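Given next, in structure tokens, is a single chain: the form solved without ligand 0F9.
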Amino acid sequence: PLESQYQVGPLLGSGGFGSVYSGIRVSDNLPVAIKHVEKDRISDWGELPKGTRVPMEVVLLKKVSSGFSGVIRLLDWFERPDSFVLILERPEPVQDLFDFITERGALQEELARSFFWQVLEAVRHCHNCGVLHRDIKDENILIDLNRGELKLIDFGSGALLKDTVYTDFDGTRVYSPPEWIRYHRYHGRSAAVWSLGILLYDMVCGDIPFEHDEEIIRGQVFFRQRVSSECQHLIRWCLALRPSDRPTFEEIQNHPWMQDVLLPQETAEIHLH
């Protein structure tokens, strides 16, 4: 009974992730998000440790579920005759990075550093839990505006992290690496770093760098805003055409542009309040 434990509210959004309603947990007035996904639209299924057949998205959320606030926490799930319903946490007030960048344009480098750093911590957390997100982008990042903390959301394109090649992909094309566009092959970590270069460019320029396939494959980066040379170097490093020539998470977090990050609370007080 989801209807007794949770009180449903206004539709927050809908798309390739399903239909997400705002809601609240009656047991303690906690702001939740209620996500419905139709079974027939689910194309990837997995198994819980219990051995039961759920959508892959449920599997991945449980694997990454923890108190670490960098990744969205699945609080419960329910199976219905034609759909699954996921109860997720909902920060309040909240704004996703896409809307945030739309409203403000290109971000100051101090703020993009802090945001980018938190995204990297969140992605490292997923990989360390065996989860590959495969759809890192502004739309899938929530900003907890009180605390200055970012949250990675929507694992419905993800997969178990593996070391062998991936030959399928259902994420966002404009964030996908050149080896996927040309060969329909990629490896998890190098693909993720490519999409992080895309995201970081988006943060510091206010739009994504590539739109068409030919642009992704060419990989020429033009900066349309004033961006420091170290930040340009990190971005060009992440968007290297050869996957192996891309920097590891350790190399990104040790990069000179990534030094002296603001704490989340500092971030909120300086740039969000």
Contents of the next structure:
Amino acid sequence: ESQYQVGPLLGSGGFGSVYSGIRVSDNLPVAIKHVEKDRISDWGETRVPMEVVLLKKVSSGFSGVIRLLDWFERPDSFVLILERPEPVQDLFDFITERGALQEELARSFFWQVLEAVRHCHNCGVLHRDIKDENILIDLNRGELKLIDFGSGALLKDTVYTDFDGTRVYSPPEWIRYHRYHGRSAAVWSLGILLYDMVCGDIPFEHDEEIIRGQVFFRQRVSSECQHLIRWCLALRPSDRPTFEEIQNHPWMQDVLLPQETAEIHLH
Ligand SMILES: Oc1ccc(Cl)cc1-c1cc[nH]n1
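Same protein, different condition: the form solved without ligand 0F9 was shown, now please give the form deposited with ligand 0F9 bound.
Complete assembly follows, chain above in first position.
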């Protein structure tokens, strides 16, 4: 309220309205997200939005996830105070600017995404909306951060039959049956993400292309990378790699450190 100073609006959309801000007590940069109460389909716990439940569960120390520093309730909205890296650029803008990414950069990014998703999973949290728009690059440190847990859920081992993340990243089993399990669905979205990184765009726009699962490469991409991608994008959920299999894949060997990454690629 007076505990933060509000700057420019960063973005608005189905995640709410996020402003650039500064914590007055110690000038920490922050991002202040406002979500309207009647836009919240999903609540946990007094009653908070699921997004706050999920962020509290993952906001312990390891930094591949955006940290929730505080939250407030207002009469028609909740306000979430989040970390803000500075300078920062979301992966989607970064890809718009730079086109398809060199493999070495896509490997570093993709690895950090996997560490972040493993950490969420370990904390009992399923993101359900992994995509370039939901990933922030701290451009000085070369560290990626997962944001926008507003479509996530507690991780469980039984089937999910609800989804509200991004359709073009949702797996064929969700398209056809409205059913998925959390890990394998997460893995498919990671396949879409990785294709997006290396080709400069997502592979499928239409339901039919998702269902068909046939991957055409429009950029030059190494065989090992194409094979990882096709593996993550297996039609049968149980034919997809576990996180361990993805990180042990030959295309994932020799990842740059985040800091090396920023020096080489983010200048
Ligand atoms: O959640 C965020 C945290 C930090 C920054 Cl810089 C931005 C966001 C953000 C921007 C759109 N959704 N979430």
